[PDB]
Amino acid sequence: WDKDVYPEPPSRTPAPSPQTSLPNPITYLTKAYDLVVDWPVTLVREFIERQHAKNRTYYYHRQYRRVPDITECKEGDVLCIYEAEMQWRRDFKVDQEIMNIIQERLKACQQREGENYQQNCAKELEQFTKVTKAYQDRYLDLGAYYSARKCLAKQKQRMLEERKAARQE
Amino acid sequence: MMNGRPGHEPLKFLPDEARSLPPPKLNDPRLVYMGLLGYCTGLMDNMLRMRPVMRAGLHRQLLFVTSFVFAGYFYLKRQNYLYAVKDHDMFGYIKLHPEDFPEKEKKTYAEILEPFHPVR
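If you're matching them up, the sequences are chains p and d in order.
Numbering-wise, PDB author numbering comes out as the position in the first sequence, counting from 1, plus 3.
Counting from 1, position 57 in the second sequence corresponds to residue 57 in PDB author numbering; the numbering is continuous, with no gaps.
Simulated from the structure, these hints should not be mistaken for lab results.
Be a bit skeptical, because a hint or two may be false.
Derived CB-CB ranges, DEER-like [stated by the list, open to error]: (1) d:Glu99 x p:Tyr148: 46 to 56 angstroms; (2) d:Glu105 x p:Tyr63: 35 to 45 angstroms; (3) d:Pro115 x p:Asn119: 46 to 56 angstroms.
We treat Cβ as the ideally placed atom computed from N, Cα and C, and that holds for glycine.
Put together the whole structure using the sequences plus the hints.
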């Protein structure tokens with residue numbers, strides 16, 4: 004729908020270019036299908052659309068504002084920890100949906116490129132592998148009881164490994 | 001242990017200090033539970049003596065309910081007083097002995113390094 008989140012290259016089709024002096028049953032069946040099925044269906048949907056527009060109603064998104072993270076939180080203060088764990092779990096669900104979006108992009112690219120996919124579907128491939136490695140360095144080796152504190156301990160161990168690495172000249 | 005507490009009156013159900021506590025509501029869940037216990041007591045009394053149930057001893061049942069509530073009110077008042085006294089003496093002792101209960105000052109999760117335990 005939003006073609007910046009869900010990009011779709013334009014469906015360039017070749018002109019028919021026929022050689023036979025003979026008919027194609029596809030096209031005339033398409034005409035019949037249109038003037039039989041698509042016309043009453045479009046009538047019904049236009050009716051339903053104008054009846055929506057008679058009494059239109061709106062809904063919103065609930066922007067959630069940021070909160071003191073758990074690193075700014077004291078050992079034992081259960082209220083701050085609760086709020087921080089909640090915003091973490093929120094971001095976690097959002098990250099899963101991001102990963103789903105990128106997997107969807109990858110699959111759709113694979114299908115449209117079809118056979119010649121392993122040369123011109125590498126962009127979405129790398130955009131999948133990078134975010135995958137992020138998720139792996141962010142949420143992977145936890146368990147069912149994941150939490151902000153566990154992700155933080157993981158990040159801290161990894162930063163320690165990186166410090167010990169860059170210690171080497 | 002609170003028997004040797006100073007000013008402790010011997011065999012005083014409700015000292016005058018307890019009158020400064022707020023009383024119950026009289027609609028407390030535990031007093032209506034005691035009334036329910038009295039009603040079930042009357043019902044069981046009738047069941048044991050081969051009598052009808054919920055029909056026979058309405059004066060006895062009313063008396064059971066009222067006795068249970070009229071005892072539970074004062075017993076609960078005494079218990080509220082005793083728990084008040086517990087908190088009172090605890091607060092006084094921590095306020096008199098702060099060296100044993102120091103003003104602890106805890107840290108954040110950015111400065112402490114809790115260890116990571118993968119699942120894998």
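Hint by hint, here is what the structure shows:
{"no.": "1", "hint": "d:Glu99 x p:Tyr148: 46 to 56 angstroms", "verdict": "violated (39 angstroms)"}
{"no.": "2", "hint": "d:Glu105 x p:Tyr63: 35 to 45 angstroms", "verdict": "holds (43 angstroms)"}
{"no.": "3", "hint": "d:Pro115 x p:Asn119: 46 to 56 angstroms", "verdict": "holds (50 angstroms)"}
In this structure, the one hint that does not hold is number 1.
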